[PDB]
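Next up: a single chain in structure tokens, the form deposited in one PDB entry.
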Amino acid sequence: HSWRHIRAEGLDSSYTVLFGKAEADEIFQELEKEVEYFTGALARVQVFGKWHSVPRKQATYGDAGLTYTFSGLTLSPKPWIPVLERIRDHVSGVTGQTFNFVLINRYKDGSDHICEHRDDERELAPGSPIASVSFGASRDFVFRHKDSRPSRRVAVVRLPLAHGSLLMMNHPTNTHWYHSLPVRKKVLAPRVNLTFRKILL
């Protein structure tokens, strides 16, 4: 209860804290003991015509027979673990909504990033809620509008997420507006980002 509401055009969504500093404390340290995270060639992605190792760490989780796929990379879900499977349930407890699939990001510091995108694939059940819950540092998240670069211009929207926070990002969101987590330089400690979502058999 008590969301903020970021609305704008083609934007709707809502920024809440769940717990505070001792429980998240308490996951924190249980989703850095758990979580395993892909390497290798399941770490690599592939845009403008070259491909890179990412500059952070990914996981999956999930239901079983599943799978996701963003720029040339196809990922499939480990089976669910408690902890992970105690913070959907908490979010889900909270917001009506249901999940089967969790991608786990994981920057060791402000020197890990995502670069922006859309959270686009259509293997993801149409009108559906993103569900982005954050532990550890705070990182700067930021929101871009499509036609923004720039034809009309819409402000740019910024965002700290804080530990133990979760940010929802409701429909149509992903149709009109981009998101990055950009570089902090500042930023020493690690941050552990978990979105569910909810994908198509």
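The term rigid core refers to the most C-alpha atoms you can superpose between the two forms while keeping them within 1.5 Å. Residue numbers count along the first chain shown, from 1. What changes on going to the form deposited in another entry:
With the core superposed, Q58 shows a C-alpha displacement below 2 Å between these two forms. Positional change of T173 between these two forms reaches 2 Å or more at the C-alpha, relative to the superposed core.
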Contents of the next structure:
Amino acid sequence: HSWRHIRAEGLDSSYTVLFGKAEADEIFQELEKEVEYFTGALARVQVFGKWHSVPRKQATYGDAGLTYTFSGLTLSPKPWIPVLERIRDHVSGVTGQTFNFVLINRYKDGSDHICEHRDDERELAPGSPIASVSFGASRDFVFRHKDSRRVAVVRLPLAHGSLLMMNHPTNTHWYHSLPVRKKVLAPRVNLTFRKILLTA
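Having seen the form deposited in one PDB entry, I'd like the form deposited in another entry now, please.
Below: the lone chain, stripped of partners and molecules.
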């Protein structure tokens, strides 16, 4: 059971394949059944002064009593469901890391995507990581650095059943997108777990 450690100036990440085809497939199907995404008005964001709707499908889940601002739109996460607990318990029992909140993204195909984002936030616990889990289609994850100087970009194929671990830094211009890959045709579900403040 092996890990890859990702390092560049300001960057610390740890990719691994947590799940074999045995359960990752079983879980993927159980996710498609049960996960309820946001629709219409709740699936919208304000970026650069306009409202758009997300080129994907989103959901939030978590412990009771929390709120999460996502790009100028604040909701309360839906209570946990048996499959999300089932996963979280596995991640936690392996990473020794607890989480109260997860943000779920379904991408129907290679043009369903997400845009460059800094985790720069004070909504996360003081020193705590972010666990990114993926199921379905293998898709590229991208890290870009803000600058002024020329240091490279970190591309990463996130496979069916794989865990990516990222540390939250308090001072980093590392942005993360998951760009369009037109050639991809299968669906992809992606759950990033977080530890949220309860102050909200």
